[PDB]
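Just the one chain here, laid out as structure tokens, in the form deposited without its partner chain.
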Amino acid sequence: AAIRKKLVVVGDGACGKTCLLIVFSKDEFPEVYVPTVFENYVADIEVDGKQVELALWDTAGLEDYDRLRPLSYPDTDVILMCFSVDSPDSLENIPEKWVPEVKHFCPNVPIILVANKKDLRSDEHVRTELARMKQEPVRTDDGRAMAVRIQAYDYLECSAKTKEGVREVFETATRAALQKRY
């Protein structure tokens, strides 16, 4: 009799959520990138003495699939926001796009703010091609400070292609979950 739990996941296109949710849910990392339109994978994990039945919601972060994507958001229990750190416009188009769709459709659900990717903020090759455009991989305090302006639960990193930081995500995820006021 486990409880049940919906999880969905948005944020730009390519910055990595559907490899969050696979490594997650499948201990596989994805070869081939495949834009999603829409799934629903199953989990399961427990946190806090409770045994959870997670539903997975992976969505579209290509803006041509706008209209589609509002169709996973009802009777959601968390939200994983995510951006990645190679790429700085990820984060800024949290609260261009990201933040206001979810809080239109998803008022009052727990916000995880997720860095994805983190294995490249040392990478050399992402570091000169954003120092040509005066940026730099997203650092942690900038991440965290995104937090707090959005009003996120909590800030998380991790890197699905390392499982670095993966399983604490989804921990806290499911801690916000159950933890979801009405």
Contents of the next structure:
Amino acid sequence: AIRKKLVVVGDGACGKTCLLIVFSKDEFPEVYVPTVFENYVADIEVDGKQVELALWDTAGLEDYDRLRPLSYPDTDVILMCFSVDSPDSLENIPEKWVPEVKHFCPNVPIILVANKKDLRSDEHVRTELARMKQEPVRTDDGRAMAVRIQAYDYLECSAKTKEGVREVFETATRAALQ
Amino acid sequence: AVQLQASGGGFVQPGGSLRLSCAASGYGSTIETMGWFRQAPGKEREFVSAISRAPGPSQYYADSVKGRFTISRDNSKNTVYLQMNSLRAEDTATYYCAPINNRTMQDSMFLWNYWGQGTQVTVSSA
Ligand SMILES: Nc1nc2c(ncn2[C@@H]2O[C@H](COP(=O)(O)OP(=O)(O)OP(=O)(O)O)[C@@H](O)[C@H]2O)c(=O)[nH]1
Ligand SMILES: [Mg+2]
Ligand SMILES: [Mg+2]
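Having looked at the form deposited without its partner chain, could you now put up the form solved in complex with its partner chain?
Let's see the whole complex now, leading with the same chain.
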């Protein structure tokens, strides 16, 4: 089988680990524990081809910035994540994530991924973000960012409900195989 | 799994007063050390005040609110109050209460599975 390396990046708490773990082990972590760094293995079949995906998880917290470049060498595809409960996480895509991945992973395709899409309909999220004059990130603005940064693709998912998760990894695998 | 809920916010004129309340709900280990946090558009989330196991006037206060804000416990109702006096425009923010722990002090988004209800405080010339 073909081996490919996937690296996920994005703001702290934006759902990276839950996405990788739902996809690699079909389980959703109950308690939020910030990542330091670690990786996973998943087998995937896409378009008839068998691929062993290595899924490299990174810490989004700025406190672990110095560790992130440990994961980037020899990456075949980048999942660049934000979450819909955090408008700031989308703003940080062009301000932080794009420049960093361009530097360390030149010419590696980027899938821009909106995580936690279930929270668009969560009344508590909507109520509290509205209290702060915000709202869940809308598809149109994710897509616009994907155009701005010339992402290989734009996808939305929920690790919690599993909606869209397989498609993120199928699309990433295609990007890695191109 | 115990979650802290904020109430008592409103519109106030500069120099007025307001008392916020932080109530506990859900099941789990008691929260011994809790804090008040506030969030205004554009600025970073700000720690305001905290209270732990020791009663009395010595508590934890941001310099921004020292002497104007007083944090205390109800002694009967498992509720923390933030008495806010001499309010100023700079105090306008959405106020939340939460346990004091590594997750609540970390520089990252509000996780709404962990934060409860906030309460808006707006200070204004009107
Ligand atoms: N509602 C909802 N919550 C989610 C989802 N994915 C993750 N979360 C929640 O968001 C919090 C953070 O999730 P993680 O996957 O650990 O975040 P992360 O991006 O790996 O965080 P770092 O490792 O600190 O960079 C957890 O409390 C998760 O349960 C999702 O799809 N939906
Ligand atoms: Mg993580
Ligand atoms: Mg890694």
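In this text, rigid core is short for the largest set of C-alphas that superpose within 1.5 Å between two forms. Positions refer to the first chain, counted from 1.
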**Message:** How about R132 - superposed on the rigid core, does its CA move between these two forms by 2 Å or more?
**Reply:** yes
